[PDB]
Amino acid sequence: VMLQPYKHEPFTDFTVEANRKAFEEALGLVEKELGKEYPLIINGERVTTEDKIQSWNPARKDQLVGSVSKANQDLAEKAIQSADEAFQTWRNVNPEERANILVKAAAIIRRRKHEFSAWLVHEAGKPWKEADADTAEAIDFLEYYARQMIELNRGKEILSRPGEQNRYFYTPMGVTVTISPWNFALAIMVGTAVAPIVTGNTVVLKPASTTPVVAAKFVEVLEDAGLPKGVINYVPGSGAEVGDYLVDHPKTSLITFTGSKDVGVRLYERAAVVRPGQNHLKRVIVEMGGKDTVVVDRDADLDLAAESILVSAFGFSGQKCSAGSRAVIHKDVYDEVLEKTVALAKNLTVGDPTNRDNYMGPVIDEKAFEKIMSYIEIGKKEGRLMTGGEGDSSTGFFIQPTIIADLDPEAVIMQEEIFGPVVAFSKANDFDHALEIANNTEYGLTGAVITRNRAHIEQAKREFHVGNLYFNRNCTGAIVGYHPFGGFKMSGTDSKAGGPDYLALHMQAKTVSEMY
Amino acid sequence: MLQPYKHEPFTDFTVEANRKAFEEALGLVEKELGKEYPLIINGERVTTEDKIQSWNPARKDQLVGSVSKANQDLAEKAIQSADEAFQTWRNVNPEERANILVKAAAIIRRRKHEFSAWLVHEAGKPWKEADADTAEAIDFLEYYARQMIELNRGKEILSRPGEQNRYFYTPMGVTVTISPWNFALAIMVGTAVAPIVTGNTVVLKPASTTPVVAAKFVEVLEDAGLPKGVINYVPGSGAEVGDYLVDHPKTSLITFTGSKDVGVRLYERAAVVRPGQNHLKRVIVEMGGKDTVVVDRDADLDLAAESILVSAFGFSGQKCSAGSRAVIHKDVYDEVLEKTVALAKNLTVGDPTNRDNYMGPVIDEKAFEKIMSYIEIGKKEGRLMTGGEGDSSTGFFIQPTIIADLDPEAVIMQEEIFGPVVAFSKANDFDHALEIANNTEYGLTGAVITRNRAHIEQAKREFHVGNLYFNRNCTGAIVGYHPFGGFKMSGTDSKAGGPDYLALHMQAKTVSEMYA
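Residue numbers (my numbering), protein chains in the order written: chain F, 1 to 516; chain E, 517 to 1032.
Worth flagging that the hints you see were computed from the coordinates, not collected in a lab. Don't take every hint at face value.
Derived DSSO-like pairs (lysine-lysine); straight-line CA-CA distance at most 27 Å [as the list claims (entries may be wrong)]:
| hint | chain 1 | residue 1 | chain 2 | residue 2 |
| --- | --- | --- | --- | --- |
| 1 | E | 744 | F | 461 |
| 2 | F | 52 | F | 371 |
| 3 | E | 671 | F | 461 |
| 4 | E | 776 | F | 251 |
| 5 | E | 976 | F | 156 |
| 6 | F | 156 | E | 522 |
| 7 | E | 744 | E | 619 |
| 8 | E | 671 | F | 7 |
| 9 | F | 7 | F | 129 |
| 10 | E | 551 | E | 619 |
| 11 | F | 251 | E | 976 |
| 12 | E | 776 | E | 895 |
| 13 | F | 36 | F | 52 |
| 14 | E | 766 | F | 461 |
| 15 | E | 593 | E | 567 |
| 16 | F | 156 | E | 671 |
| 17 | F | 346 | F | 381 |
| 18 | F | 78 | F | 229 |
If we strip away everything but chain F, and leave its shape as in the complex, we get:
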């Protein structure tokens, strides 16, 4: 009766015969379930609207993954009120029991692992590897934060002088509004919903409208793991009607957001306003974009350099806030790293991600497709096209892995988040110049340095100003409890998810002192 130590959920080895077979079976399972209708969930009740959000396969744009009900202001209000009501009892449920519900939820997802992955394959267009990694990460968030809450329930040791007893401990806050992204349709949605839940807060969840079906699947799991009614509420909808209304509500205590900079800034600015009837300042956790950089030193393993750039730039087709969309390389080694990377990139497979042999799938929708292609046109003018630069939206939203070279560090494609499979190469005079270019964005989320020089490693630890800094590997693929994730500048509030400080952001410290 103690939980066994946290460790990360292993990735599935699809070279084992039985793992592929099992994954293909789960893909068949989901395919037959495609096209289903999903209600809103408010206070445990299923609420269907006739106005709907259609969710489409990005690899097959006329394949309906599902249609979910669409909330409006009035249902957002009911969702808030349900959350507030449930909080009156939820804040007093023993932290051990709250954690147990997360542990039971993890075991349901673990048992149904490939099914959750195949949902991501279909709805988010994730390749096998990325889908598995995502599902593993959601499992981790559950197991990690369950353990963290039990640790935090112990409180913190403070001093008491003779004749008094002083105690410091953490208390639940209230209604949390969780606004989740599509690119980690399961993992981040799970983390940013359960961190508030396990800390005794209640949640109103607005998933991304491009991926709401997997979120409905997850709320079903929460119910099956024994979560009381109204503790989570499932309300997809428009930003103008539901998004803005949830953030502005006087009963919203906490907001947790993951998405783009432009939506984030506006959310952060609106949340700070003390509205009528609002008796508190709202706590805001924002995780916005990155314009991340892989820097390669003159002593680097050049093959490793090219491999780390490739994976950082083209994993999930660059649709990650952590993506190495910039490659800044030492002058003595730039032409050669650039040729090694081009050589890897043009043999990468792009297609339907239900097919295992496809390394990259499509981008999320037509809006993103067009945005990425428009950046590529800008890029082609600003730099030297090396490979890719083509798109075809006729079946799915497919863009080739794209490398553009010789960019000026001030270029549009060196500065702006593209969220597509594009990396821009940039020449650096020496190591000092390389970090100068690396730091020259308005963001500070992830970065990598490839070097065999210890002094250069120590220098970048001080000088490379990103929240997640990696040496001799890719700058993507943070693991819960191993690489706590969040960053600086226009990347957000540096709320290190999957780290030891994360739960306490969701709670209020309390000091009690009895004088004898």
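Place chain E on chain F using the hints.
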């Protein structure tokens, strides 16, 4: 290496040698009155023609000091000075940053009674309050130095075979410290050196009613060995300087202590991303409290009488933690009321240089005018028991004032007076007393006086304040023993003098080296 933290002992003024030492310090400070005090920008002394004059609140025509006044240009110069200082201060060994705090603590400890005497003249503090303020400044320096040494170890996170992951803290940037007049030494010191020891640099705008003791503390930091520009002393008006400091695109962190109306506007303005601003501004706010001492049927009513008196009238109620409401069980309301009235009539009011005066004046004409208006409202809301008289002729003296039989929703039971005023209200039972206790828009401190163990544990859960006390006064928190901060409109619950405090001034960084 450093000996474990304990609080600086308070001075025993019943020992004649202590009185003698304190009276000599008052003589020393009296000789130094009416001096001129420049702004300190990047180590340079800047005199302006515009002057802020600091007057003794007990003798209103006495010039304690005249300080220079910043304008926008000088505010701009100070942010730039702090920004350039940050470029190297961010990289000073945490141990050395901590050691400067220790040396500063030693300077104040050696000149303890001198600093207390500065408080007596400038803020009107009685000997006990001035001494406790000075000891708390010493405590902040000692405690935060040690907290930084510990924080510099980082926190343990997991590494899978073949990698090494680390989680540690980094300095943020320029900090705007806006400090209160009521702990013109202690809180000004805490919220200046917490950013400093964490590697940030500070633009300090002290309260314009108490800028002289802040000028004195800046000199201490210089003498202890602080590099130029790490602190900048820049008093001024809220309009020319205060808003400009907050809104500056280079300002990274804002620490505020003060009133609700000012703290709320600052919070909302800080959240907007201004032109050329590359980050979201972190804000720590501690705002007021409408605090309540709850007296149970079971209580030691002598203790209950004393606790209410001290909570209410300590520093003439000029405290965010002040027990300005007394909520008493019906069965004991008359008896506690008459006992408290009998203690209040014995309280000596006058010039705080005189040891025999337990209470001094309020801070200025504005504060005097506001409290008297609140007294006039109070007389029409309930039953005036004692005091209610004010005298402006030589200083700003208000009598210790008790008003009884209040409606729980009355103006003087809801709005912060910041004066020597207590409202008394009768509660039907313990459950009703918690209802009245929790009925303000504030959440800072409270106390429960009771001999019922069950009612104590019920209070730990249902009395929603950040600082909760049993069988004593609700004032006088001690650094490292009673971490200080609260809920609702009391602010962000950033627990000053507590284990979580320094990490709020830093951004966490994850660093990961892959080996094979």
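Checking one constraint from the list: CA of residue 7/F to CA of residue 129/F, max 27 Å. Satisfied? Distance of about 20 Å is within 27 Å: holds.
Check whether the Cα positions of residue 156/F and residue 522/E lie no farther apart than 27 Å. Answer holds: residue 156/F to residue 522/E is near 17 Å, not above 27 Å.
Would the pair residue 593/E and residue 567/E pass a check requiring their Cα atoms to be no farther apart than 27 Å? holds (18 Å)
Keeping to a limit of 27 Å between CA atoms, is the pair of residue 551/E and residue 619/E held or broken? holds (26 Å)
For the pair supplied as a hint, residue 156/F and residue 671/E, confirm whether the alpha-carbon distance does not exceed 27 Å. holds (15 Å)
Does the structure keep residue 346/F and residue 381/F at a Cα separation of 27 Å or less? holds (21 Å)
Restraint check for residue 776/E with residue 251/F, where alpha carbons must lie at most 27 Å apart: holds (19 Å)
Holds or violated: residue 36/F and residue 52/F, Cα atoms, limit 27 Å. Cα-Cα ~12 Å, so holds.
Are the Cα positions of residue 78/F and residue 229/F separated by 27 Å at most? The given pair, whose Cα atoms are some 13 Å apart, holds under the 27 Å limit.
Is the Cα-Cα distance between residue 52/F and residue 371/F 27 Å or less? Given pair residue 52/F, residue 371/F holds - Cα atoms ~25 Å apart, limit 27 Å.
Straight-line alpha-carbon gap residue 671/E to residue 461/F, limit 27 Å: Cα-Cα ~16 Å, so holds.
Does residue 619/E lie within 27 Å of residue 744/E when you go C-alpha to C-alpha? This hinted pair holds, its Cα atoms lying about 17 Å apart.
The structure meets every hint from the earlier list without exception.
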